[PDB]
Each structure stands twice: as structure tokens, then as C-alpha cells.
Amino acid sequence: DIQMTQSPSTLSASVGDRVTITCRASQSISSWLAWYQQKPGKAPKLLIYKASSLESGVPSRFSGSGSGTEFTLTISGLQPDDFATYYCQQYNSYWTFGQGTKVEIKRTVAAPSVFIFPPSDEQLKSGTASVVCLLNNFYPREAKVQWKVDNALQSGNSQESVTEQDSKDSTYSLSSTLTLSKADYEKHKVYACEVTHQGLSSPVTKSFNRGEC
Amino acid sequence: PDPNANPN
Amino acid sequence: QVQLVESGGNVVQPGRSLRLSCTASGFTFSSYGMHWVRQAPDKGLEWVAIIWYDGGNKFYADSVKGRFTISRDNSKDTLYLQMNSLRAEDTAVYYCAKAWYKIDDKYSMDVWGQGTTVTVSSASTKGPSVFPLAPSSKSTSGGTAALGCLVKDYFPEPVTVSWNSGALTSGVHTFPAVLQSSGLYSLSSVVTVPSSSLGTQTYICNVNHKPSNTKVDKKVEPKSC
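Protein sequence lines, in the order shown, are assigned to chains B, M and A. Residues 1 to 94, 96 to 214 in the entry's author numbering are what the first sequence lists, from first letter to last. Quick note: the second sequence uses the entry's author numbering, first residue 8, plus one each step. Residues 1 to 52, 52A, 53 to 82, 82A to 82C, 83 to 100, 100A to 100E, 101 to 216 in the entry's author numbering are what the third sequence lists, from first letter to last.
Just so you know, the hints here were simulated from the structure itself, not pulled from any lab data. One thing to keep in mind: the hints can contain errors.
From chain B, some residues computed to sit far from chain M (all C-beta separations above 10 Å) [as the list claims (entries may be wrong)]: (1) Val58; (2) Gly77; (3) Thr109; (4) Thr172; (5) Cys214.
The list that follows gives simulated cross-link-like pairs (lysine-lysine, DSSO-like), each with its CA atoms no further than 30 Å apart [said to hold, decoys possible]: (6) B/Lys183 x A/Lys43; (7) A/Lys129 x A/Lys98; (8) B/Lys207 x A/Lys43.
By construction, the Cβ of each residue, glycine as well, lies at the ideal position given by its N, Cα and C atoms.
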């Protein structure tokens, strides 16, 4: 199988910028490369075929170049309608796609506001305890979230979820949920989440003591 | 047979 | 113009069968080959199968060979995908795509449908449990307080969450669901409100789970610590 990889995975840009997405193939596919655009909850749409040929109805700001194993998609003068995820696809041997490149709106770096929520008394009656760390309205999306219970790092008992970019402030919000049994939650005191983000000068800790509030 | 050949 | 409408997506237990349809309009369906392509976070965009214009030549991806069968009925302008012995990894959005009318040595697809969603799990339908994420001193910054609701252990997707029956919409963040190792989904919905309104304004989250016909209202009480 011919493997398709795109670079970068996430491109941050502003309206009017000239941006370029790169696609690479595990072996030569000649010029048999197509580019598609997909918006969330919508279908892919063909943009370019044969590496360089523009599909009818696609604006001329989209241009393509490349042959063999390396290909590029260039948008000259980004428009608001152009913020989406773009996929390359080879059709030389069957059909395989790249992982996708999401073009997002660039804005100033905003540090997250970190809030922590201990489990409710109602859930504890059910036998489970969920601790929620909330990172609110931050940019860029890269952030590191680690859970420490009585200074012991946790592994394999948390799940993260991130929102798509907000339509008004262009920020992201993230949740990290530490899940424990009621009995395991009750044998520890300090529950803390450590947050690393570009907007923070150093890692930030948000903690609580079990049963105090 | 070629899968990427004309299917129309 | 060209229009492709998928249908048939549903929740199915592992090992069972499901049949998808793609109804075509706006083009001479009998003259074009058709593709099935699926999409999911664990799989990206993954080609599934292609069928020639007359229904004879068919090729499949290794991930589905021996289990999925592609067919078509040109008298109905309808494309089919018969999925047998379904697996959890088959869970995805299934698109149907038309082969393009670009004459060259190699061919691909141009127009895609809207997609139909297939979810393969052994889980039973369950309404969600709603727990409060109470505001506290540990959920405050600059006069703003964060509160939310934890919507846990529901199957299948989706759930809708509103706050105060839709009166509160600004500052709301309802996170995408995660699939737990139990096979049940869970999510949380949060909102930031002024700390000064904690004593004056009541806050309630409204969770609806139509697959279970479950509607839940949960008042989030503010903590005095």
C-alpha cells in the first residue's frame, strides 16, 4: 500500500496569507494526486486533480505542484471560506488518503484558565469518583495535562476532550477527567492537575484536598 | 485487471 | 446537479449484518462506477470498495474483504453495501462517491454524498447519569466562575445539553463525547458565569437522550467554599 502523509497537521493562518500544505507518498505515484477539502460535518469536495489541474468551479487561488513522491497545495490569499481540513489522495494503486491538514484561524496566544471540580456526593453514592480539570479559552491548542494524586503521577485512568475552535474568540477549551473507584478515591488526600501551555511561564498546578469542600 | 482503470 | 443520498446507518451488535443504500439523482447512474468510502478518527479517510458501471468488476479493501459486498441496481439508480460480520472497528461514517468523468489513464472520485453513520457495539441502550460540577473557590478567576454537568454512561450517541432551558448560551462549552472502556459514552458541559451571580441566579443543565427517551434537568448548586 502507498502511504500518504501530510505536513503540517495543523496550519495557523490569517485572511490574506499565502499558505502551503505538503503531501508525501511512500513510493512514486507519478502525478496521480488529488486534493479534497472537508468542513466539519460535511462531505469532501474535489479541488485539484492530476496534481496541478484545477477542478471547474474552484477559485484560482488554489494551485498545485509536484510529481513522484512529493506534492504541495498552495492557497494564495486565504479567504474565510478556506478554513477547513485538506486531504491529499493518490489514485495510482487503489485509493489511499493522507491524515488531513487542518487550517485554523491564527490569533494571539491566550493562556488557559484552569479550574478543578471534585466528584459530586451524588456520584460517590454510585461507587465512582470523577475529577474534572478544565482548561478554558486558550490558544494555541497544544497543552499538556498531567494528574498527580498525593504526588504520584497517574497513567491510564484519564481521558481528554477538546472543543473545536470558537467562532467568536478563536480559542479552544479542554477537559481532563480522572476516573477512580469510590474506594480508591477515598484513600488519597491531594488531587491535582498540572497544566503546561505556551501562554504559561511555567507549569501551573490546580489542586484540592478530598472532603474539605 | 486495473482497479484504477476507467470504471464508466 | 449530482446528488447522492446515503441511508441505512444504525446501531448494530458485533457479528450481525447491515445494508447501506446510496440513492443517486442528477446524473446517468448507469454509466458511472461508484465508490464506498468510510471516515472515523481511528481510520481517517479509508477507501472501502468500488463497483464498475455495469456491476461486474468489484474491488475491496483488505480490511473488509470477505465480509462486505458491494452491489448496485441500475433500474433504481441505487448503490448498495452489504456489511456482514460487523466489527467494532467498522464504526464510521460511510460515504458513497461517484467516479469522475475525467478521461486519463487513472481514475478517482469527484462527488460525495452526505454520509450515513454506522455504530457497532455490544452495549445496550442506556440513558445518561447527570452529576453536577459545582462552582467553588477552585473554579474561579477574575470574578468569573465555572460550573458544569457531567453526563456519564449513556449509549448510544448523541446527547444534547442546554443550560437554563436555552436562556444561557454564551460561554457554554459542551465537549465531544469520549467512549469509555465499558463501551458507554460520557461528556461534560461547562459554562462561565459571574461569581456575583452565584447567589442570585439559578443554573440548571438540560440533557436530552432521544435514543432512550430520557430528559434530565439538573440544578447545580453553588458551594460555600
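- Message: Tell me the numbers of any earlier hints that the structure contravenes, in ascending order.
- Response: As far as the earlier hints go, 6, 7 and 8 are violated by this structure, in ascending order.
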